[PDB]
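Below, in structure tokens: the form solved without this ligand, a single chain.
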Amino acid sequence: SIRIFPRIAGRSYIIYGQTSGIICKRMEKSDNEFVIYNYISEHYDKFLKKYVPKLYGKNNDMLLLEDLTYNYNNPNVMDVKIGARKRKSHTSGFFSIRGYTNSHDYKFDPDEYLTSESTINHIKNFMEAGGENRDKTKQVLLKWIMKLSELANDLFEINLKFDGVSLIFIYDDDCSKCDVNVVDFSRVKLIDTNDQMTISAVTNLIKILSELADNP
């Protein structure tokens, strides 16, 4: 029958697709996520291609999405909420770490407000699976910085309020492959300006990751 997908965070029903390379995500509250994927396809197709998992189509209340973990032997995943929270402030000031591979072992708590030092330590914890090969882990950080920098640049020209959106960071244990993409358009709204809050989240992550990539 059905294979439940190993979600790192979130609340939605997510299962493996019937065929390889697909996950199916239930739209739990409304079809807003589908309305927004279609809006971005129509008005911002370049943003959609670069930064967002492919939407393959819809099956009743289920979105057929590109499985971002598919081509990884040993994927390590971290979900960072960069859009505004429903009614609370961010746990790390500009963003909220929602979860990561092995976070239970590090006594991580998504509800816990973090100092700058604790925020950096959890991102370091997420990177420990990448082992003691400094060079390869440095290249992972630099590839994320490359993509997030372009994203922050591109966000200045996008008139959406990115409420609730997450960055999904992924790297393989052997650090031969990594990526970062934007997911969760369930609460995204149309507006007449760019989203300065979301831009501040991304530039803050770029600062943190840059420090890690340069730190001896």
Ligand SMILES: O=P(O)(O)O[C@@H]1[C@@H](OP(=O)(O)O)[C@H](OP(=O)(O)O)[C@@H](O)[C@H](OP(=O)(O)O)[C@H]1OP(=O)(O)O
Second form
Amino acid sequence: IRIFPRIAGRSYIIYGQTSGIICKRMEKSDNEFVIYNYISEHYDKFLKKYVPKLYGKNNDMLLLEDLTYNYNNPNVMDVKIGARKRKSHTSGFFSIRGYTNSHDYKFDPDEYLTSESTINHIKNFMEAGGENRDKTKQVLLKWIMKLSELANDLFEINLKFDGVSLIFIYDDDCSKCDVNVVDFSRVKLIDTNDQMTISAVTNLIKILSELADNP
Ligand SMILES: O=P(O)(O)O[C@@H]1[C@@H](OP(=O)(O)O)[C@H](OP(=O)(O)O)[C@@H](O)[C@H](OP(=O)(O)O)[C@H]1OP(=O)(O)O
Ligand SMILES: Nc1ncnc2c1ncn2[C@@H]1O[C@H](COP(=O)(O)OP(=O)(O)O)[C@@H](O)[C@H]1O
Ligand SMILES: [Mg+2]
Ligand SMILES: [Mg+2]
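Show the same protein again, this time as the form deposited with this ligand bound rather than the form solved without this ligand.
Following is the full complex, with the preceding chain placed first.
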């Protein structure tokens, strides 16, 4: 058994016994599985664009696509865009839960931040990408392109995305990047769209667009 280098969460996550798969234990209920299936049947396009593939279930374990698999030198950031259980967001509209090398910058997931500190932590996450500005702003722009489409699509989806995170990834060489939505354990059916979750994504798009544009 090989422990998966998580960025955040308390969940039991291991490498699969084969390439490109992780096993996440459903700790408290099978609700994450129920919600993958429900999204599979009602919003399959959403599942295809924005969510790691669910290959299968093994008792309490989900076999998930390893979002880090195709990266020589992956940098990962977990941002919670869904509602916290109780507790307000550490950055108002969202909470950064962790990032690759966040220890080196004295990052603390319990610390409520100003806009300045929030933006500095995202700048911190981007430092591994090096001083070549053209290729780091390409990463920012590919993230903005997918996040924009996600915020657009969220208006047409009647789910409360309580607890869901965005996983931002980029390779050290800035050759490759992505962002995807994870963690549906606390997602709920509702009769409208999720304005809190949409505001989290639009606020991130704002921050990233400010970085992509600064000189
Ligand atoms: O991620 P969602 O679901 O929102 O809730 C998590 C909660 O976050 P928030 O909701 O308070 O942000 C964490 O509290 P934090 O240390 O961040 O204050 C809990 O430690 C964690 O429960 P744990 O697994 O530790 O028992 C929850 O996950 P779960 O309920 O899916 O297990
Ligand atoms: N499919 C995935 N591929 C790669 N890393 C993942 C994947 N899903 C989760 N992770 C990693 O695991 C961490 C916790 O994921 P999450 O599903 O939110 O667990 P929890 O429900 O315990 O919060 C993330 O911060 C990320 O580092
Ligand atoms: Mg989580
Ligand atoms: Mg969870």
